Amino acid sequence: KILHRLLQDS
Amino acid sequence: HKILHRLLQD
Amino acid sequence: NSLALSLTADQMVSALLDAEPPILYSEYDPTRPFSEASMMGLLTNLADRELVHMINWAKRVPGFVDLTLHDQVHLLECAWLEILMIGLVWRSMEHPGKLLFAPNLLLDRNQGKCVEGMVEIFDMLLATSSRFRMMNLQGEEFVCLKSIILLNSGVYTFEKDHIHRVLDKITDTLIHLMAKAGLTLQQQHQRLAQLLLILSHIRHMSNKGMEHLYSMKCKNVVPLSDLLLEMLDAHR
Amino acid sequence: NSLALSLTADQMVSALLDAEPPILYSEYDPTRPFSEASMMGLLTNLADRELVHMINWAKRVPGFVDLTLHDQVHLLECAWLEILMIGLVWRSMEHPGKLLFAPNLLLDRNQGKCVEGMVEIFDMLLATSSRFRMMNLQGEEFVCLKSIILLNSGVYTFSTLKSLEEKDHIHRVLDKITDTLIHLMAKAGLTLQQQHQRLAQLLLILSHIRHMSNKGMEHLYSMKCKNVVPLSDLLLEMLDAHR
Numbered sequence: 688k689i690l691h692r693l694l695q696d697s
Numbered sequence: 687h688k689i690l691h692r693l694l695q696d
Numbered sequence: 304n305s306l307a308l309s310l311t312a313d314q315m316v317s318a319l320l321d322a323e324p325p326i327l328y329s330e331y332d333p334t335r336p337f338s339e340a341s342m343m344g345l346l347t348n349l350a351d352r353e354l355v356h357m358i359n360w361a362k363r364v365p366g367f368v369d370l371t372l373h374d375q376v377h378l379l380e381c382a383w384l385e386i387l388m389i390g391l392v393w394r395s396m397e398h399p400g401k402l403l404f405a406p407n408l409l410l411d412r413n414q415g416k417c418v419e420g421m422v423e424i425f426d427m428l429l430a431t432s433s434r435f436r437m438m439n440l441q442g443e444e445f446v447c448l449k450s451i452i453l454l455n456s457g458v459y460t461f471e472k473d474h475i476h477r478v479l480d481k482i483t484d485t486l487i488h489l490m491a492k493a494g495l496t497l498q499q500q501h502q503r504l505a506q507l508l509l510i511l512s513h514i515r516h517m518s519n520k521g522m523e524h525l526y527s528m529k530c531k532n533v534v535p536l537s538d539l540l541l542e543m544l545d546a547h548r
Numbered sequence: 304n305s306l307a308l309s310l311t312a313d314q315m316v317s318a319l320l321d322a323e324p325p326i327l328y329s330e331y332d333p334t335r336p337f338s339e340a341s342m343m344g345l346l347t348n349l350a351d352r353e354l355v356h357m358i359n360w361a362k363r364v365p366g367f368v369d370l371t372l373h374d375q376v377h378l379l380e381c382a383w384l385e386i387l388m389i390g391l392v393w394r395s396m397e398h399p400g401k402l403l404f405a406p407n408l409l410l411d412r413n414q415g416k417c418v419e420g421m422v423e424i425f426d427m428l429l430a431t432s433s434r435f436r437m438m439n440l441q442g443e444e445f446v447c448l449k450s451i452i453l454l455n456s457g458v459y460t461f464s465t466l467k468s469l470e471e472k473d474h475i476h477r478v479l480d481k482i483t484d485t486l487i488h489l490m491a492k493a494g495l496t497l498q499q500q501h502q503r504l505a506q507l508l509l510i511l512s513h514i515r516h517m518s519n520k521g522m523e524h525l526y527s528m529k530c531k532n533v534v535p536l537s538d539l540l541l542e543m544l545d546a547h548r
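These protein sequence lines map, in sequence, to chains Y, G, R and Z. The first sequence maps to residues 688 to 697 in full-length UniProt numbering. The second sequence maps to residues 687 to 696 in full-length UniProt numbering. The third sequence maps to residues 304 to 461, 471 to 548 in full-length UniProt numbering. The fourth sequence maps to residues 304 to 461, 464 to 548 in full-length UniProt numbering.
No lab work stands behind these hints: they were computed from the structure. Warning: the hint list may mix true and false statements.
To be verified - Computed list of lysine-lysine pairs in PhoX-like fashion (alpha-carbon distance at most 20 Å, straight line):
#1 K688/G x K362/R
#2 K362/Z x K529/Z
#3 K520/R x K688/G
#4 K362/Z x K688/Y
#5 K401/R x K416/R
#6 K416/Z x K520/Z
#7 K520/R x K531/R
#8 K416/R x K531/R
#9 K531/Z x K520/Z
#10 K531/Z x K416/Z
#11 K520/Z x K529/R
#12 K531/Z x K688/Y
#13 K401/Z x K416/Z
#14 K520/R x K416/Z
#15 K520/R x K416/R
#16 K529/Z x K416/Z
#17 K362/R x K520/R
#18 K529/R x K416/R
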């Protein structure tokens, strides 16, 4: 999921 | 004519 | 003007409790293995009869008769499934994991699979019932929440100043109930918030239920009553 | 141990106000009137760029980081359109009869007829904005409501004994925001009766915002099948979570 990736993104 | 009209007036 | 705003909080609670509709029974053939068409027939037949009692319950809600006929129609058309659902959820509190559609019609989530795409709404209803059970929702609070749905759900799709005044009156009634039950000030508005936030999910379940009921229309699994079709049609 | 449960009322408002996302511009060019496919292009493109800031806004909402990644995904998937809509309605308070999608995109309901079916949702958003105007909604109250939407819209859609303490942690943060809202209204000089009433009025509006999001989600899925306007990959994933 793009959302999961953006939420964990750093 | 709506049934809801009739039941609300009875 | 309206005689509802002149009532006291206990008089509001008593008027709402007395306006309660009865718990209706389902059609009594216990061929417990259900088909898709048979259970949909049972549920829509139950909803049709409950709708008739709901309309006469709405008349007895303080401040509802003061509205015009057009506004009474709009509020019930927008809220009827929400009102059916919160009643179902309230009936199912003492039956964890099951939904008490009627005293002789108590279904579990495994029985929700008999209909295409119904198990999703079943889990949401069960979760709402579990949430009321954990909050120890009282009947006096339940009747306040049900009337709130009636007056609130369609109010912003429009006179309107009077509905908001009755809504504040029910808010005063809810706080009055929590103050009697011994809750502190902080516990009062915290519980008031928790109750009202559940109404957002009840609206969600209704919107999903309205979609599912519309699928039954253009699949023609079972004929729907003209009244149920007119209530369903008002959501386009 | 959560720092969200340790925040004071003023520290809660301070954290939420500091976390506010920016107001983005659309690509609107008033030199040529747009079609249904291009007007929806501006709307969906704007929403897609807002989702990126909303995700980074959600992390800064107190208590949200304490949740599991799958729970954060679930809350955002369920609430994202509600959060866009209340933001739109908030920006539009000072523009009666119009919806301020972007500072360069201010639309009345007549121009909203360019998209088929978008008319009913347009009046509902306008009525919500007019309701916020009639109530004189405060920015401190607004950031509280938006955080409630994030935490509340998906809390009743979640098994184990460990799922309760996280579910209870969300209701604890929600209770904190309730305390914060009452704190604001008590400062404004409202009686206890007026505080409870205003609190109820604000929360009942969230019922209509959910309704608008449901209908908006179904309309967004309509044009997705119609292959009218290009929808971004993130927006499609957000749309598939509800279908």
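Against the structure, the hints come out as follows:
1. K688/G x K362/R: holds, 17 Å
2. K362/Z x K529/Z: violated, 29 Å
3. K520/R x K688/G: violated, 25 Å
4. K362/Z x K688/Y: With Cα atoms ~17 Å apart, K362/Z and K688/Y stay inside 20 Å; holds.
5. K401/R x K416/R: holds, 14 Å
6. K416/Z x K520/Z: Holds, at roughly 16 Å.
7. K520/R x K531/R: holds, 17 Å
8. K416/R x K531/R: Holds - the C-alpha atoms of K531/R and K416/R are around 17 Å apart, at most 20 Å.
9. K531/Z x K520/Z: holds, 17 Å
10. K531/Z x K416/Z: holds, 18 Å
11. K520/Z x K529/R: Holds, because 19 Å separates the two Cα atoms, which is no more than 20 Å.
12. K531/Z x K688/Y: violated, 24 Å
13. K401/Z x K416/Z: Cα-Cα ~13 Å, so holds.
14. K520/R x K416/Z: violated, 26 Å
15. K520/R x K416/R: holds, 16 Å
16. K529/Z x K416/Z: Measuring from Cα to Cα gives roughly 18 Å; hence the hint holds.
17. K362/R x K520/R: violated, 27 Å
18. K529/R x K416/R: holds, 19 Å
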